[PDB]
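One chain comes next, on its own, written as structure tokens: the form deposited in one PDB entry.
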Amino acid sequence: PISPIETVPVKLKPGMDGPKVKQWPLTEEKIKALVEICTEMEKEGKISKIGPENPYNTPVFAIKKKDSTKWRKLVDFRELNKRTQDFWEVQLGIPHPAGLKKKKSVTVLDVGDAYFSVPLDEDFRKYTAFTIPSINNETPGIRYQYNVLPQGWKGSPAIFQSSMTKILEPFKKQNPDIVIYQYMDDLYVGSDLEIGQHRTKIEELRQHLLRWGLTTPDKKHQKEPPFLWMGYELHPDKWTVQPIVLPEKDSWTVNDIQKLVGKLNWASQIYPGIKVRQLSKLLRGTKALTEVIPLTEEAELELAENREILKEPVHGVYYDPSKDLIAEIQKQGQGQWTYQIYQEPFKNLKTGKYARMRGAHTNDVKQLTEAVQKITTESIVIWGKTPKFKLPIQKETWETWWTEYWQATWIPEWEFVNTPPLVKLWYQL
């Protein structure tokens, strides 16, 4: 019975019932884990066994974080999260650090347990129920539900936000420079000190916390070769928007003209100062493609002119925190991926290109997921909200392995799309 604190009420969005999502297959290696970490949570009684009588459900799976080599249970509370919401956006929204993006070194702390110490609203508990697969379906599933604020549920941080703001009041007053943001199960701490100092300061916060019972994971650092642990910190500076460009041909076959006509045409939607007529003229009659058309000075006049318009920020762009976020990803080629984050069609807030993780094993699924997580992390720092993903992949395939390479406490909202190479504008070069 963890805390004397009085339970805060929550009621899912009107005319909407709780989650009734099925449990996807889990691989031994995960069940085993998912069991042990559920058996023990049951004893400390943060969780409680339950049977059929509870009509709701949500799925669970676990990921062995490479970050700490310690398995972490993960409940896909996206439906439930959606259902319940006057809560975390309107009622107890947690403000955003204008300047978290502005730091040069930010780290994420998994402050999940901090939650296992607050009683979950009495009535609202039927909703967080989940189940556990058994290999070869040897026995029925093992259902349970939460009694304390749950992990990865938009409500926790909102509810805990009170005690969290207290636990950090000191650290922040004694260290006014550091900036701290909380998004669900994580703590975003960013500084402007040398990396060596940051590491320290972060390692020191991991203390001030511990003095409060909030224990955070033990990220390991190996002394053999790939010093992966060197990338733990985020640096919102190599964060550079990637505008579009129009290649350069010494001479331009017919082909070359058209392609560049379309791109220039598409882009017109983004930036409205793109003209094509005085440039497309050079293509007037049904001619062979392979023909080396020469660039009029009337034409070239704008070819290089239009490009000048592609080297800058967009037209009266703004970010409305009241709308959802969307992100698009196009498998560009040989490990390369590019994306755009927008709320309104053709009025993006960002573009860029996740290059690649050298250990991408030449796996587009793996790389893709990683791009997602990556892109997701950015959105959180920058605007403080997760974007809905338009995933360049076939549902059924993505659903088969996204977990395997997933290494995050949260899960973003996604959908699938088969939309071929529209123009090459979403630029490859």
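By rigid core we mean the largest C-alpha set that fits within 1.5 Å across both forms. Residue numbers count along the first chain shown, from 1. What changes on going to the form deposited in another entry:
- When the two forms are superposed on their rigid core between these two forms, the C-alpha shift of 2 Å or more among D237, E194, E312, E169 belongs solely to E312.
- Relative to the superposed rigid core, the position of the CA of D67 differs between these two forms by 2 Å or more.
- In a rigid-core overlay of the protein, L246 has its C-alpha displaced by at least 2 Å between these two forms.
- If you fit the rigid core between these two forms, you'll see the Cα of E89 move by 2 angstroms or more.
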Given for the second form:
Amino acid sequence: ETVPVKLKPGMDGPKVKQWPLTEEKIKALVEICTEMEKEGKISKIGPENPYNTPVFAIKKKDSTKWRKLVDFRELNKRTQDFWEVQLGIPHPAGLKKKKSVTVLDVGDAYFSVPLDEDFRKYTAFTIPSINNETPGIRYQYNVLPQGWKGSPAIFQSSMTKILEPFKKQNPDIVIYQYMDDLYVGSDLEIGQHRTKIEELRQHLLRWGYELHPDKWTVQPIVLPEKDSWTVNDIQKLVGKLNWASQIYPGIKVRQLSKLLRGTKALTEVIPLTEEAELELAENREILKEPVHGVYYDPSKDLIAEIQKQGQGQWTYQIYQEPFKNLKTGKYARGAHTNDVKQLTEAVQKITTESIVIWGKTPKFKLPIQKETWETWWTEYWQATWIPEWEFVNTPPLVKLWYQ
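Switch from the form deposited in one PDB entry, shown above, to the form deposited in another entry and output its structure.
FYI, this one's just the chain on its own, none of its partners or other molecules.
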């Protein structure tokens, strides 16, 4: 019944070091893995298996029971992209437009399908031991594992037959699957949507998290409206307009700069000439129109930049080509005392939105030190997938302009 699978040519299996875990997380992983080997989901492996993939533990959506998360990012990249072939699932464009969408965890269904006998060695993971007092327990996955790229692709065949009645019974509801998460969109009332969600929940039991895409697209660039302007006010305005002039062609700053002529005090009020007031209006209407020639390219990578704005506010932009933002937004929100828990929640929200809009996760650029982020991000992660990221170490000047 198994489906064959093999890595891409010229790529060996994953050999990723397991990072240290706290004692409470090691206990949770021991209890979980003891039950899984009894259920046949995993089996202990010997030393002939050099491959390893890290594993940690979280709690999802304020649920007491711990969940096991495996960072299959290396394996997924080394897993055949062709494992997606036959292209896995297409991305439905109607999912982003639906008034309401709900996400469910369908990962428990993946465990019923068996994994190929050859590929099991690549799903090897190690439960670590405190102080290296004893060798770590090593298992391998006999069944399809959650977080893998192939597991949704393989089950997509069964998934279509499992949900074929609910689809035919409810044609307006849209259904999408990314990793172990299933995204179902509706236009009905939230209470009706939630009760109607239990209809799909019952269907899943027989065979074996509310967001609303009312965000309203890329947020516009906005210039102040003042009756009196200081030298500092106009200096910030020209700097912002000169910045937006890389994104918008017609921006002109010559007439506003003429008001700043001479060496004046920053807090001195400058009356606006009619020519300059005209230039400000011509620039507003330019900013009211959309960005020119901005398209999505499924071959290219999505990039997500985040800027800490202070007081719980965070701004982000998604783009493939710089100055061609496919989406911009702000996250005001968490933990007011913890910057890192805020950023982690922000990274998850952005990734969730990016799955709904394009069906793939972006590569993040985080305003945080690598060593600080690597130490704490697992303590606040509540998602079943993991995106890629890098670390911005130079303060972006554009932080003010997105504020």
